[PDB]
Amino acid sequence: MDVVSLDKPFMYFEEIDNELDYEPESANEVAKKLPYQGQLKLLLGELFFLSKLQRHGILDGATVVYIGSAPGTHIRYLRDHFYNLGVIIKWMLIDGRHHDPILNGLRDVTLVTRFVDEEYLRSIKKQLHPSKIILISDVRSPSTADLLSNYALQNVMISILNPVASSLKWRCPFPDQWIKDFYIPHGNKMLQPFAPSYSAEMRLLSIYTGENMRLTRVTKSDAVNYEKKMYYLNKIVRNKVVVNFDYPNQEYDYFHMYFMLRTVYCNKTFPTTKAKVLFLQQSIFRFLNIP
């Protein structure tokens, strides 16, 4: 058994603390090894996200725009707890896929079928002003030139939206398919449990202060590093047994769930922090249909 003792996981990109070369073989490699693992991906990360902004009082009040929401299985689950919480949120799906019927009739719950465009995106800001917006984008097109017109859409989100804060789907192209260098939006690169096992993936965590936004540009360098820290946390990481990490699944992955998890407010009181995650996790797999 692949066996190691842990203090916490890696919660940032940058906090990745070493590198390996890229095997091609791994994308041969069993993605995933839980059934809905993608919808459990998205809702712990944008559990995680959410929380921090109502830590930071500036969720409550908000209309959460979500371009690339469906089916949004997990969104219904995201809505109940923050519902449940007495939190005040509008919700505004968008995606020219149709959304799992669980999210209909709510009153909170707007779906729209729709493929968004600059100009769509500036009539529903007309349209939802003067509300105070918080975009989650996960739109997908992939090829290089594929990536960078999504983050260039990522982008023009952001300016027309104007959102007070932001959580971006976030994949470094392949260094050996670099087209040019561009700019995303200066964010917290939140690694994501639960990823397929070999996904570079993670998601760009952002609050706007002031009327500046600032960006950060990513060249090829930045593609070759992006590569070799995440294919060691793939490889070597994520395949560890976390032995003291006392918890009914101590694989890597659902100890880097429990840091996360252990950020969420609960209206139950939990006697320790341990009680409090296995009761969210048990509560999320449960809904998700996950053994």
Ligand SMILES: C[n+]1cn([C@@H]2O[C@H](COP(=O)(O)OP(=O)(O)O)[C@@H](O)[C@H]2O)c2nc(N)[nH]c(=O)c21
Second form
There are 2 protein chains.
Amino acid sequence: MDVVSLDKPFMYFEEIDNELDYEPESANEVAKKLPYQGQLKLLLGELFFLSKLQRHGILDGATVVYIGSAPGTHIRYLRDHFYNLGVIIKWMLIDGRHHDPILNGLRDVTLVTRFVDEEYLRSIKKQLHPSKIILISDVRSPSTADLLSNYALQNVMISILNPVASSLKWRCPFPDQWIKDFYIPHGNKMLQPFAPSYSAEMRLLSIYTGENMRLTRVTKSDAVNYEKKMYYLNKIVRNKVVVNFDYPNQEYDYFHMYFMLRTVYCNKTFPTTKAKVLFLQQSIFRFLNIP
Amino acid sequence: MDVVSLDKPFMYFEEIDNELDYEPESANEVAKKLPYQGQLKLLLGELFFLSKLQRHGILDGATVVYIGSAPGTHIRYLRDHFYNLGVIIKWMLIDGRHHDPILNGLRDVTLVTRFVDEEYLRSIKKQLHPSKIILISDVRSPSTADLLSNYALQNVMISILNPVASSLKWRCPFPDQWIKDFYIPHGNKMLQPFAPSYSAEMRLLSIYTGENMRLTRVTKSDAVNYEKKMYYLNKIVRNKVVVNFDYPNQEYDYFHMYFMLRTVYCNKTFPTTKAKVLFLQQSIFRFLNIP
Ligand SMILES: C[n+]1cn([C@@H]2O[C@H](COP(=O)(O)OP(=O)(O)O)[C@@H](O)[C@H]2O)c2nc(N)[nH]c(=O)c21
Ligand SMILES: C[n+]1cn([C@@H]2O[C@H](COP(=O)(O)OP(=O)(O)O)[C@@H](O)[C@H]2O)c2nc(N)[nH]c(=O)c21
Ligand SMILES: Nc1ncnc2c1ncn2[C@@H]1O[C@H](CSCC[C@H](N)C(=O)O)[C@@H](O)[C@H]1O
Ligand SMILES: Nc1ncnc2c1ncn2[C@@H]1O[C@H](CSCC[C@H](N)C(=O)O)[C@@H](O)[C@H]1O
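Target state, the form solved in complex with the ligand; input state, the form solved without the ligand:
Below is the whole assembly, all chains and molecules, this chain first.
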């Protein structure tokens, strides 16, 4: 067995302290080990992101604009969680694809069947006015050409919507498929437990203070780094069994999930962080029909 | 006579401490009082900007890419000034219009007859590589539609060229001609002595540290402010005769010019700032054929 003792898991890209040469044969290995793993991946990251905003007092009263939301099964869990905590939020889920019917019939959630373009962003901005907007983006076109176009749309979402915070899908183009350098918004590169086995995807979390918008350039050298750091994390780290983690499941992803879940607010009072997390995890797995 | 005593002049937009309601009849008033006033306006601002970079030690060894440079008569003065000071710089002047022949025959200056587009910016970036670039932009299309397009090109100049510093033309669209909010690079809003009598134009000066790029949103309310602050400056301030300014010419613009010129480096040693400035001014006016 692949055992180890860890203090904490890597929460952000910058914390990864090692790298490995990407082995293309990794692409043929089992990408997922749990049913509905993708909904689980998104649920944890967005619960993490949103709980942070709650902590900073910027969630209550906001309209969450989620673009690239369908099917959005896991989003029903997020909505219930904050709704039950007393936080007042409106959800606007937009995708050209159809949403899970469990999202219908909630006055606080508006489903829109539309593929957004810059012009539409303008109309909804005029229509949301004057609410404070929190943007979540998971749009998907993939070539490096596709990625750049998605990233370009994500930056236009921020400039038109002008949100108070944002969570954006972020996967650096592969160095061997580099086209040109580009800019992404400045934010924390939140790592994702339960991401596919060798995925290099993370989420970019940002909070917008003032009327400024800070971007950061991404080059091929950065692309080389992303590949090696993420490859090291996926191949080595995520395959570890953290034996000094007293929890029903000690695999790295559960250890990593534990640290995100420990930041979530509940109505129920618990005697230990371990009890709250076990509760939230049980709750999350039951909702998603994960054994 | 319109007399007053002033400590210093307003160097940046933010310093303007008063405003006036824009009177449209001002548009019919004499816009210029000196021959070649436009070359003088550009010369002082760019001498100011470039001397600053020298002070920060980022000028020597740079390639100055000036887009919207023709005719560029005043640019010959700038080139000579730094060339004579021993600073090593290469100039690349690009405009679809033709440059003043006084700029020909200098190995350190390359004239390009081209209207730049994003693609061309890419090729020159590949060709300038690996020199450090200082961008100066004075491109001109004007409707608010024209402005936005120019500003959009200016931001693409920065993202493709990725300069160490930049000076950009900046005039906020008039509130009564507002189209949409937009972003401009963050920088100092340098005010311009000898600008047309009622011009609301200034120059945006920026220095790029790290791999980040900070932008700032401009709204109609900002547009209302620009109009009133600039109107107050043009109508009231610039019409002042600073009587406690011991200088051959006490009009506000000369007082303002004095503060920019006092920051310029010379080979000749002077006993007082007043002597250096008088020298630089005499020199500048003689070069431009201004009496
Ligand atoms: C993690 N990774 C994956 N691939 C390629 O990406 C293809 C699709 O797998 P993926 O990258 O997991 O898809 P996604 O990121 O769109 O969700 C695989 O078949 C590999 O060829 C990769 N190709 C390169 N060059 N470098 C990498 O780090 C890398
Ligand atoms: C300074 N100013 C000028 N204009 C208009 O701008 C026209 C051209 O004059 P300009 O603004 O000096 O041109 P420029 O900025 O392109 O160099 C004038 O005929 C006026 O109608 C202005 N119009 C408005 N609404 N507000 C202003 O502050 C203002
Ligand atoms: N312009 C656009 N506007 C809206 N959705 C977009 C888009 N372009 C692509 N997408 C959507 O991006 C999605 C990527 S998959 C998203 C999964 C979803 N976030 C979840 O919670 O289940 C697809 O449903 C796709 O239709
Ligand atoms: N795409 C582009 N590339 C180059 N020059 C441009 C441009 N679009 C407009 N311009 C130029 O912008 C200039 C504005 S007037 C500039 C005056 C000049 N800076 C001076 O020193 O004399 C015009 O010469 C015009 O041809």
